[PDB]
Structure formats: C-alpha cells, structure tokens
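Take a look at this single chain in structure tokens; it is the form solved without the partner chain.
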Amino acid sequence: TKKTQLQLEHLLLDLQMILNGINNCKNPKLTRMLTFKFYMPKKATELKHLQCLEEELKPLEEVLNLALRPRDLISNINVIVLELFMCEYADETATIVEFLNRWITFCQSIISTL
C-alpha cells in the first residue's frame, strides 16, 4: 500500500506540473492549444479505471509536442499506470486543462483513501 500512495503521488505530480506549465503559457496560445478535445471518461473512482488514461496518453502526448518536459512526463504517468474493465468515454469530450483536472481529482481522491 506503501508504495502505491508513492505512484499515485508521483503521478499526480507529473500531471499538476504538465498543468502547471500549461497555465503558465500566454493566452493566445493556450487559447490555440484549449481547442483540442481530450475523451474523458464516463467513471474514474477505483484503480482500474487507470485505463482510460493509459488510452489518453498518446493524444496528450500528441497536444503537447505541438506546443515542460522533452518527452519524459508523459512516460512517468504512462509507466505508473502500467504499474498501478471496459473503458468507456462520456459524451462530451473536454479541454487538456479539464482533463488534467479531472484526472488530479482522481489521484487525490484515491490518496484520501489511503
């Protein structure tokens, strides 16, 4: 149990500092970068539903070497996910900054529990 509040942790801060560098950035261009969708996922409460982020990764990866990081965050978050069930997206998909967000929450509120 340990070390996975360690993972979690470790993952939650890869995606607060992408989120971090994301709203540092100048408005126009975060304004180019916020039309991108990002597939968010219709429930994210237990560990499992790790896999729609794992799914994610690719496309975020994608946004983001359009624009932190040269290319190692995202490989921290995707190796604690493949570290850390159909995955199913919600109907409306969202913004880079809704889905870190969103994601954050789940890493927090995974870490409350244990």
Given for the second form:
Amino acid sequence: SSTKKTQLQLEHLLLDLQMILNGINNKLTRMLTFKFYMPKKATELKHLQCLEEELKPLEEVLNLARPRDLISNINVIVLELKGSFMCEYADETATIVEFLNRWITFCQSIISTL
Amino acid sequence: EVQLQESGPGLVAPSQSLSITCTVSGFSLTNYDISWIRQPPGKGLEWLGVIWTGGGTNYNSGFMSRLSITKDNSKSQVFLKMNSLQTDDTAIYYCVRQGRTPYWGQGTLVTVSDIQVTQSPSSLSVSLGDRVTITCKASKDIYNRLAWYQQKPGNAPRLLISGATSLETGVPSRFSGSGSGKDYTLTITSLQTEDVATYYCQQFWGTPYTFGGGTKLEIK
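Next, give the form deposited with the partner chain bound, keeping in mind that what was shown is the form solved without the partner chain.
The next block holds the full complex; its first chain is the one shown before.
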C-alpha cells in the first residue's frame, strides 16, 4: 500500500465516471427511467462499497445504447481503493446523472485532501 | 413525519373525468418520485404511473393515452387526471412515495356509475403455526428492487420488506425476505392468526413497477 498508487487510482476513477457522464451528457429519457441507490454517508474510502454494489445495475443501464470495459475497469479500481463495511443507503434514489455526479463529487473530495 | 393523503370525488358519472389530489407532508416532491396505484374491489394491485422528481412522467401502457399526472412542488401536491372513464375504473386509488422504502397513502375510493413478475401460490390454506414460502420470479435481473406487502380487508397495503431482504421497522421478525437476481422469496415462520391476509410482491427496476398476482393466505 502507498500514497502514490492510491492517489493515481482515485484520479483514474474520477476520470472514468466523467467519461460515462459525458458519453450520455451529449434513448436518454429511457435511461433516466432507472433509479440508483445512494450512499447515506460517503466520506472515506471504505464507503466505496456503496459504489461497488451498484455497478451491475449501472452496466445494465449503459447497455441500452464500450460499457463492459469501462465498468470492469471501475470495478477493479473500486476494489483496490476500498481495500479489505456494510453499505448504508439513503432513502432518496437518484437517476444515473444524479448518481454519477454524487460519486464524481466524492472522488474530488478525497483527492484534494491527499 | 411522512404523510400522503389522497382526496377524490367519491362518485363520478361515466362520461366525465376523474381528478384526484395527493397532498404530501414531511418531505419535498423535489427529492422523491410519486407513483399512483389502484385496486378494483376484490382484485389485485396495479401500477398506473409515476411522476419523477424532475417532473417527467412514465405511464402504464394500458392507460397512457387517457392519463395526465402533474404536480406542484411548492404546494406539495400531485394530481392524477383520468379521462374516458369506464365502470371498470371503480377502484381505491393510492399515491406512493417511491424511495428505497416505499411509503403509502391511505387510498381513496372512487366509484364510477416489460419485466413480468410471477408470484407463487395464488392461495395458501395453512394450519396455525406452520412455515410457508411465497416466491416472486422476474423475467430478468432486477438487482434486489423488490418489495413485499401485506393487505388485510378494508386496509391499505403494509410494507413488510424492501430492497428484497430488508425487514421494515415494526414488522415482526417472523417475516423474512431472500433471493437474488430474478427469484425472490418471502418466508413466514410459525404463522399466526394475525397473518391471515393477501400478500403481494412489487418490482421497481425500471418501469412499469409491476405487482405480482397476490397470495391469499388462510387458516384451513
């Protein structure tokens, strides 16, 4: 474990989420049909378990349009960063755009402190 | 304190329109989607449509052309309007806060003058005590977007389980939810006289938010 790789991994996660957003921030209404579960708290790395659990539904929604390759990259990164917590979900749910923006925000938060 | 309250016209002529108002308190319509559901007397639950936080709507395919759902975020009110009425439209109408844990209104009676989801025994006829399983199987993966409900004659449905496996607050631990992917189960252990009811599953992975056919449980 060390701080260079951790920092590089978070920036690559952040970028992958923005890539997804930009791909759809360009069937859009149908993709907005689906609601995603959201973290009640997301301040530190272990809270990425809330992201991991939602990656299978994310890939399903994206497949209504290279999805698998971007999602599996994100999955590999989320597992390293969260390391080796039971996710606590909020009661409000989010569209895919609200979902990506919350996790993009979360990444930016961790990165700036490093 | 979360509340939803449906106000309807009671009695309507068949050549007129039906309008119902759902007034909510304890939360904002800018943060939660609202579904409309109905239940013809003696029949199962059916989902009519939803109005999203951002203001768009999705409708049940069989009603779409005669329905209009709108809302006023500042008055905390949602409006259902239905045209071309039929005698078939006599039903109890409910509005539902559609978060991770759904919250139901009381339901107002109006009298007029796709992922498929298959629910297990249509009816169960048990002995006091006993352990029973009800299954709900979906056409495709629904990623734990599944709720179980209990309905007793003359009352609104009560939420037992949400997110496929999460026991709700105040619900006896004799009720348990399990499953993953496409097949989900409700288990009631050592069931009791208080458990005589009709039980329903509902999926909410994408619209329509379809209900199972119901399981009517009775001590026999």
